[PDB]
Amino acid sequence: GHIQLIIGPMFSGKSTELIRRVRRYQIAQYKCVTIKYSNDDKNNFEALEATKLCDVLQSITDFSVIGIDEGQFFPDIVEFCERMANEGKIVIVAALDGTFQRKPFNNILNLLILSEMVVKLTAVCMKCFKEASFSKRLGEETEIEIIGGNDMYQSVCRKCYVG
Amino acid sequence: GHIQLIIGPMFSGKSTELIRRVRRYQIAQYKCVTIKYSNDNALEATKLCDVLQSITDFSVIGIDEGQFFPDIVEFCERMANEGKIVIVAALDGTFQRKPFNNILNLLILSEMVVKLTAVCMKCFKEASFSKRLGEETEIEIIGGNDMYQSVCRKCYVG
Amino acid sequence: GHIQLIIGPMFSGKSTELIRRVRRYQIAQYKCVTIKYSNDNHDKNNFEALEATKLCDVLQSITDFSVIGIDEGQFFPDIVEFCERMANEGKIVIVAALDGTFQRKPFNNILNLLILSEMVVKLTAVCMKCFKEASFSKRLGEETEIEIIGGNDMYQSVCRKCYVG
Amino acid sequence: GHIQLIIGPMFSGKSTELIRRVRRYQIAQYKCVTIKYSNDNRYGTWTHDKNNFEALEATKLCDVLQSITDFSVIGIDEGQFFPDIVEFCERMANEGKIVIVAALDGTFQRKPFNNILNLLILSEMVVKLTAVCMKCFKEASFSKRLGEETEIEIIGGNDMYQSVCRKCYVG
Ligand SMILES: Cc1cn([C@H]2C[C@H](O)[C@@H](COP(=O)(O)OP(=O)(O)OP(=O)(O)O)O2)c(=O)[nH]c1=O
Ligand SMILES: Cc1cn([C@H]2C[C@H](O)[C@@H](COP(=O)(O)OP(=O)(O)OP(=O)(O)O)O2)c(=O)[nH]c1=O
Ligand SMILES: Cc1cn([C@H]2C[C@H](O)[C@@H](COP(=O)(O)OP(=O)(O)OP(=O)(O)O)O2)c(=O)[nH]c1=O
Ligand SMILES: Cc1cn([C@H]2C[C@H](O)[C@@H](COP(=O)(O)OP(=O)(O)OP(=O)(O)O)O2)c(=O)[nH]c1=O
Ligand SMILES: [Mg+2]
Ligand SMILES: [Mg+2]
Ligand SMILES: [Mg+2]
Ligand SMILES: [Mg+2]
Ligand SMILES: [Zn+2]
Ligand SMILES: [Zn+2]
Ligand SMILES: [Zn+2]
Ligand SMILES: [Zn+2]
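Order-wise, the sequence lines are chains C, A, B and D. With PDB author numbering applied, the first sequence covers 4 to 43, 54 to 176. With PDB author numbering applied, the second sequence covers 4 to 44, 60 to 176. With PDB author numbering applied, the third sequence covers 4 to 44, 53 to 176. With PDB author numbering applied, the fourth sequence covers 4 to 48, 51 to 176.
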C-alpha cells in the first residue's frame with residue numbers, strides 16, 4: 004500500500020493535480036475511484062460522492078487507487094486513508110492544510126504523518142500577483158466550513174493576507 | 004517575462020499539468036491562450067510563428083506537444099522576453115529515446131524545468147520512457163495507448 | 004517575510020537540504036544564521060550558526076539576520092510562533108524537522124507550523140530493509156519516551172511494509 | 004539500474020544536492036562513489054580516497070570504469086565536463102547501477118553544455134534548481150560570466166560568475 008498528499012491554499016491547482024496523479028494509474032489499467040465532499054453516497058461520471066469515507070468503504074472495496082478532493086471535510090479521513098493503504102491501496106489525497114484563519118483544517122494535519130509523500134502547492138496572489146500560499150475569505154464571516162469559488166475567497170501572498 | 008517547462012514520456016500526465024499550471028494564472032484574471040499541434044491522428063497551429071500576431075495580447079501561453087514546433091525555442095524565448103509567461107509541455111525523447119526535434123535546446127533558456135513519471139505498462143513501476151508497439155520508423159507519428167507504452171528501463175529493452 | 008519547510012523521516016537528507024537552501028541566500032550576500040538543538044555529531056564560510064533549546068532566547072541576537080535555518084525544529088516547543096513572528100518581520104525562516112515520531116505520531120506541536128508556511132516538502136529516504144523509498148522512521152530498541160537522539164545505530168528508514176514490527 | 008539528473012546555473016546548490024542524494028544510499032549501506040573533474044581545480048574559503058567520502062577523480066569517465074566496477078551508486082558533480090558522459094551513465098545504469106549526475110545545462114552564453122542535454126533523454130528523473138539572483142535578488146536561473154572572456158570551459162567561483170534572473174542576464 005501507499006499514501007500521497009497534496010496541499011496548499013485554494014486556486015493552487017489542487018484538485019487538478021489529484022486527477023492527473025490518478026489517471027496515471029488508471030491509464031495503466033488500474034482500479035481507480037474518486038471520493039469527494041457533497042454536503043447533503055452518489056455516483057457521477059465514474060467517481061463517487063460522500064460525506065463520510067466510512068460509508069463508501071464497502072464498494073470502493075475493490076479499487077486499488079482512491080482519490081479524494083477536499084479531504085479535510087471528511088472527519089474520518091486519517092484512519093480511512095491509513096487503514097486503506099494498509100490493505101495495499103494507493104490513496105491520493107488533495108486537501109487544504111489551513112483555513113481562512115490559517116488554522117489547521119479539521120484533523121487533517123494528522124494525516125501528513127502517516128503519508129509517504131506530501132507536497133504543498135502555490136497559487137498566484139490575486140493582489141500583488143506573486144506566489145500565493147494562503148487562502149483568504151472576502152466576506153466578514155466566521156463558521157469554518159463554507160464552500161465557494163473566487164467570488165468568495167482569494168489566493169494571497171503573506172503581505173496581502175494581513176487585512 | 005518567464006518560461007516554464009514540463010517533460011517526460013507519454014501518459015506522464017503532461018498535457019494535464021500544463022493546463023493546471025495555466026488555470027492558475029487565468030483564475031487570477033490573466034490573458035491566457037493555448038497553442039497545440041494540428042493535422043494529427060485556445061488556438062491551433064503547426065508553426066508558432068503564424069499565430070504570433072493574435073496571441074500578441076496574451077500574458078500567458080500554453081503549448082502541449084511543443085516538440086512538434088520547429089520554431090519552438092526562439093518563439094518561447096522571444097515571447098518571454100516580451101514579458102510573457104510561456105508554459106511548455108513536450109516530450110524530451112522519441113520512441114528511440116533520442117532527443118525530439120530541437121527541443122532540448124529550449125531547456126537551457128528556461129526558468130523552471132521538470133520531468134514527470136508515468137506508471138510502467140509492463141512491470142507497473144515508475145515509467146520514464148516511451149516505447150512504440152508497432153514495427154515502425156518515421157519519428158513523428160501520433161497515437162494513444164493503442165500505439166505506445168510508458169515503460170521502465172528494464173522494460174524498454176525490446 | 005517568508006517561511007520554507009522540509010520534513011520526512013531520518014536519513015531523508017533533511018539537515019543537508021536545509022543548508023543547501025541557506026547557502027543559496029548567503030552566497031547572494033545575505034545575513035544568514037543557523038539555530039540547532041543541543042544534540043548531534053556544520054560546514055564552512057562566514058557568519059553562520061548558534062545553538063539553543065528555546066528559539067525565544069536567541070531572538071535578541073539573530074535580531075539582525077534576514078535568513079534563519081533550524082535543523083530538528085520539532086525539538087523547539089516555541090517553534091511555531093517563533094518562525095511565524097520572525098517571518099512577519101521580513102525574515103526568511105527555513106525549517107528542517109520531522110513530521111512524525113517512531114510511533115508515526117506528529118512531533119511536538121510541529122504540524123501546526125505547516126499551515127502558516129509558504130512552501131512545504133517531504134523528502135524520502137531509502138528503506139534499510141527492502142531498499143525502496145523509505146518514508147518513515149523506526150526505532151530499533153524496545154524504548155518509549157518520545158525524544159531520544161541517535162544515528163543509524165538506533166533508528167531505521169523504512170518503507171510501509173517494513174514499518175510493521 | 005537507474006539514472007538521476009540535477010541542473011540549473013551556478014550557486015543553484017547543485018553539487019550539494021548531489022551529495023545529499025548519495026548519502027541517502029550510502030547510509031543504507033550501499034557501494035557509493037563520486038567522480039569529479041580535475042585540471043584547474045580549486046575553489047575556496051584514477052585512485053580512491055576519502056572526503057566526498059570514497060570519491061575518485063578523472064577527466065574521462067571511461068578510465069575509472071574498471072574500479073568503480075563494484076559500486077552500485079555513482080555521483081558526478083560537473084558532468085558536462087566529461088565528453089564520454091552520456092554513454093557512460095547510460096551503460097552503467099544498464100548494469101543495475103544508480104547514476105546521480107549533477108551538471109550545468111547551459112553555458113555563460115546560455116548554450117547547451119558539451120553533449121550534456123543528450124543525457125536527459127535517457128534519464129529517469131531530471132530536475133532544474135534555482136539560485137538567487139546576485140543583481141535583483143530574485144530566482145536566478147542562469148549563469149553569467151563577469152569577465153569579457155570567450156572559451157567555453159573556464160572554472161570559477163562567485164569571483165568570476167553570477168547567478169542572475171532573466172532581466173539581469175541581458176548584460
Ligand atoms: C478556506 C476555506 C475553504 N472552504 C471551501 C471552499 C472550497 O469549496 C474548498 C477549497 O477548495 P479547493 O480544494 O482548493 O478546490 P480545488 O479542487 O479547486 O483546488 P484548487 O482551487 O487549489 O485548484 O473548501 C471552506 O469551506 N472553508 C474555508 O475556510
Ligand atoms: C513517443 C512518441 C509520440 N509521438 C506522438 C504520439 C502522441 O500523440 C504525441 C505526444 O502525446 P503526449 O504529449 O504524450 O500527449 P499527453 O500530453 O496527453 O501525454 P500525457 O498523457 O503524458 O500528458 O506525440 C510521436 O510522434 N513519436 C514518438 O516517438
Ligand atoms: C523518530 C525519532 C527520532 N528522534 C531523534 C533521533 C535523531 O537524533 C533526531 C532526528 O534528526 P535527523 O533527521 O536525523 O536530523 P539530520 O541532520 O540527520 O537530517 P537528515 O538525517 O534527514 O539528513 O531525532 C527522536 O528523538 N524521537 C523519535 O521518535
Ligand atoms: C557557466 C560556466 C561554468 N563553467 C565552470 C565554472 C564552475 O567552476 C563550474 C560549474 O559550477 P557549479 O557546478 O555550479 O559548481 P557547484 O556545483 O559547486 O555550484 P552549485 O552546486 O552551487 O550550483 O563550471 C565554465 O567553465 N563555463 C561556463 O560557461
Ligand atoms: Mg479550490
Ligand atoms: Mg500522452
Ligand atoms: Mg537523520
Ligand atoms: Mg558552483
Ligand atoms: Zn500578494
Ligand atoms: Zn517496467
Ligand atoms: Zn522497506
Ligand atoms: Zn535579477
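Note that these hints are calculated values from the structure, not bench results. Beta carbons are placed, not taken as given, at the ideal position from N, Cα and C, and that holds for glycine. One should not assume that every hint holds.
[As the list claims (entries may be wrong)] Taking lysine-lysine and the DSS-like style, the derived pairs with C-alpha atoms no more than 30 angstroms apart in a straight line are:
#1 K172(C) / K143(A)
#2 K34(C) / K34(A)
#3 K34(D) / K172(C)
#4 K116(A) / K65(D)
#5 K140(D) / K172(D)
#6 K143(A) / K34(D)
#7 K116(C) / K34(C)
#8 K143(C) / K34(B)
#9 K172(D) / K143(D)
#10 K143(A) / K172(B)
[Unchecked claim] Partner residues aside, some chain A positions facing chain D, computed with beta carbon under 7 angstroms:
#11 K65
#12 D89
#13 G111
#14 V131
Going through the hints against the structure:
Restraint check for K172(C) and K143(A): the C-alpha separation of about 43 angstroms exceeds 30 angstroms, so the hint is violated. In summary, the hint linking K34(C) to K34(A) is not supported, as the alpha carbons are separated by about 38 angstroms, beyond the 30 angstroms threshold. Distance check on the hinted pair: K34(D) and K172(C) sit about 48 angstroms apart at the alpha-carbon level, beyond 30 angstroms; violated. As the CA atoms of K116(A) and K65(D) are separated by approximately 23 angstroms, the hinted pair is consistent with the 30 angstroms bound.
For a cut-off of 30 angstroms, the pair hint linking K140(D) to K172(D) stands: about 10 angstroms separates their Cα positions. Distance hint between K143(A) and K34(D) is fulfilled; the C-alpha atoms sit about 24 angstroms from each other, no more than 30 angstroms. Between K116(C) and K34(C) the CA atoms are separated by roughly 35 angstroms; this puts the pair beyond 30 angstroms, and the hint is violated. Taken as a hint, the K143(C) and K34(B) pair is honoured in the structure, with Cα atoms around 24 angstroms apart against an allowance of 30 angstroms.
Annotation: proposed proximity of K172(D) to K143(D) holds, straight-line Cα distance about 10 angstroms (limit 30 angstroms). Straight-line distance between C-alpha atoms of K143(A) and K172(B) comes to about 17 angstroms, which keeps the hinted pair within the 30 angstroms bound. With 7 angstroms as the threshold, the beta carbon of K65(A) stays out of range of chain D, its nearest partner Cβ sitting at about 23 angstroms, so the hint is violated. For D89(A), the interface hint is violated, since its Cβ never comes within 7 angstroms of a Cβ in chain D; the closest pair sits about 18 angstroms apart.
A least Cβ separation of about 4 angstroms between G111(A) and chain D falls short of the 7 angstroms threshold, and the interface hint therefore holds. With a least beta-carbon distance of about 4 angstroms to chain D, the hint placing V131(A) at the interface is held under the 7 angstroms criterion.
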